[PDB]
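Q: Chain by chain, the residues run as shown.
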Amino acid sequence: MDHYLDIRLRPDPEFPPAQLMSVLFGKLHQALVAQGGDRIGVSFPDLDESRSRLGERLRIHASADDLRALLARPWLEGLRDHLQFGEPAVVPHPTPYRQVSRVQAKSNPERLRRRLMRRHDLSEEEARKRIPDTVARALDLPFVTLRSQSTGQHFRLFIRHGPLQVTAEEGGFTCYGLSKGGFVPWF
Amino acid sequence: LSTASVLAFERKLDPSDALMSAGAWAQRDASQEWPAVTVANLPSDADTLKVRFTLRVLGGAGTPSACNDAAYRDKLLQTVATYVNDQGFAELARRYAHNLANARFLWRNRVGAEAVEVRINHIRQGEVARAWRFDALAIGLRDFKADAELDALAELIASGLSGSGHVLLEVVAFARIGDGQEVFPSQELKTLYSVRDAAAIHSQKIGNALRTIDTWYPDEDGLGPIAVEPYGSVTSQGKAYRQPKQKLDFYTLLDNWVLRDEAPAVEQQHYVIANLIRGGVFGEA
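Going down the list, the protein sequences come from chains K and E.
All letters in the first sequence, in the order written, are residues 1 to 187 by the entry's author numbering.
All letters in the second sequence, in the order written, are residues 24 to 62, 100 to 249, 262 to 357 by the entry's author numbering.
Among the clues, some could well be false.
[Unchecked claim] Cβ pair distances, simulated, as ranges:
no.: 1; chain 1: E; residue 1: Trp57; chain 2: K; residue 2: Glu125; range: 18 to 26 Å
no.: 2; chain 1: E; residue 1: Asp269; chain 2: K; residue 2: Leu32; range: 26 to 34 Å
no.: 3; chain 1: E; residue 1: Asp327; chain 2: K; residue 2: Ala62; range: 34 to 42 Å
no.: 4; chain 1: E; residue 1: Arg34; chain 2: K; residue 2: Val103; range: 29 to 37 Å
no.: 5; chain 1: K; residue 1: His161; chain 2: E; residue 2: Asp293; range: 26 to 34 Å
no.: 6; chain 1: K; residue 1: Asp65; chain 2: E; residue 2: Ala337; range: 50 to 58 Å
Keep in mind the hints are simulated off the structure, nothing from the lab.
All C-beta atoms, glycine included, are put in the ideal place defined by N, C-alpha and C.
Produce the complete structure using the sequences and hints provided.
A: Dropping the structure here:
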């Protein structure tokens, strides 16, 4: 809904901006087991490609039911009576056709390549000159590094843009953490 | 009369390396045999963690191990004497007891946890003399300086820093991080840090969460505590705080209070004494 707040640019001595500021965004939630609530929104307003950086500050709009129904147990409280809430913010009536996504990138792993190609419980008599893999050569990774266990710097991802709507998430339809489209504007 | 050239203090509040073992819940008080993390595959039977280290609270504050000038020696000891006649160590001791109260020595094995309980045992022999139980998620971690039955744990550390008894504390931390995820020990020069084939945390990293005290600093008190450091800096977030241009800084507040006997309403001297409890080769020239 409307009830979204931003804090101003204060330095925080609890969160290093080194290796986990674009990895742990919804990882401490229980959205990977999906036993209770399932509504969570993932956004990225900041597309700035100058030199070795893409995205560095937090503005990620989640759902409406998660702050109100899922928080019957103490999980984000304690910081209730710190400050007084000021003049409320509006939901922006403009929005562009800009928003980025990451849904479906799992097609052909690179740590395990040579044996995914033909195993159907049979032999290999011709397995040396089947296709030329020496023709193509590409080197670019401008995407969000999002890490896991037993990883190097980053495994892979390629920009597979084009699916975009002005429609947010829906109930029951989740693939990783986000559906086709969404609402976040520039201001 | 002036500052000496060679001066060092010794590490009071010295923790030991905290070995981390896993284990299944509902075996909590009968946790004689929970296995440790055996390396690098972690199960799903074990649903909680177990972090144990011992802590010695030694005593002596402004007595150097190796000084160089005797007039400076007695002036520093009488400065610590005028600090300790004013009050005990109990204001620093309750803030050390606050970091003992939660498991903030679990650095990232605590964020992302559903229930964390910390048990502190003050032991005179192998027999346990008095026990404590705290709930780490439900107690503070920022401010407001208020929880009952923690003042006895404060008075214990105040006695042990003032020298009114030998204090040995044997702590245990149970972190319900979930049904067997892969926790993160410390890391050496990439290989995880071990002790004997059991994963653990360094004692300077366990000890770094204990002198995370300092909520008093030049900026406003909205972000909370920083570790008590000379030229008090943060090494990975990037912001190197307490510039020596402005005067609120350890070497300035030490050299102007020992040599130049300053006493306005400056009773935030707890930063200076908390640096002396940290110890270290202070200066000199």
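Q: For K:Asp65 and E:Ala337, compare the CB-CB distance with the range 50 to 58 Å and indicate the outcome.
A: holds, 51 Å
Q: In this structure, is the beta-carbon distance linking E:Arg34 and K:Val103 contained in 29 to 37 Å?
A: About 52 Å separates the Cβ atoms of E:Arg34 and K:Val103, which means 29 to 37 Å is violated.
Q: Cβ-Cβ distance between E:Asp269 and K:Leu32: within 26 to 34 Å?
A: Hint holds: Cβ distance 31 Å, inside 26 to 34 Å.
Q: Between E:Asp327 and K:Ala62, is the Cβ distance one that fits in 34 to 42 Å?
A: violated, 51 Å
Q: Between the beta carbons of E:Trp57 and K:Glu125, is the distance compatible with 18 to 26 Å?
A: violated, 54 Å
Q: Assuming the hint says 26 to 34 Å, is it satisfied by the Cβ distance from K:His161 to E:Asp293 or not?
A: violated, 45 Å
Hint compliance for this structure: hints 1, 3, 4, 5 are not met, and every other hint is.
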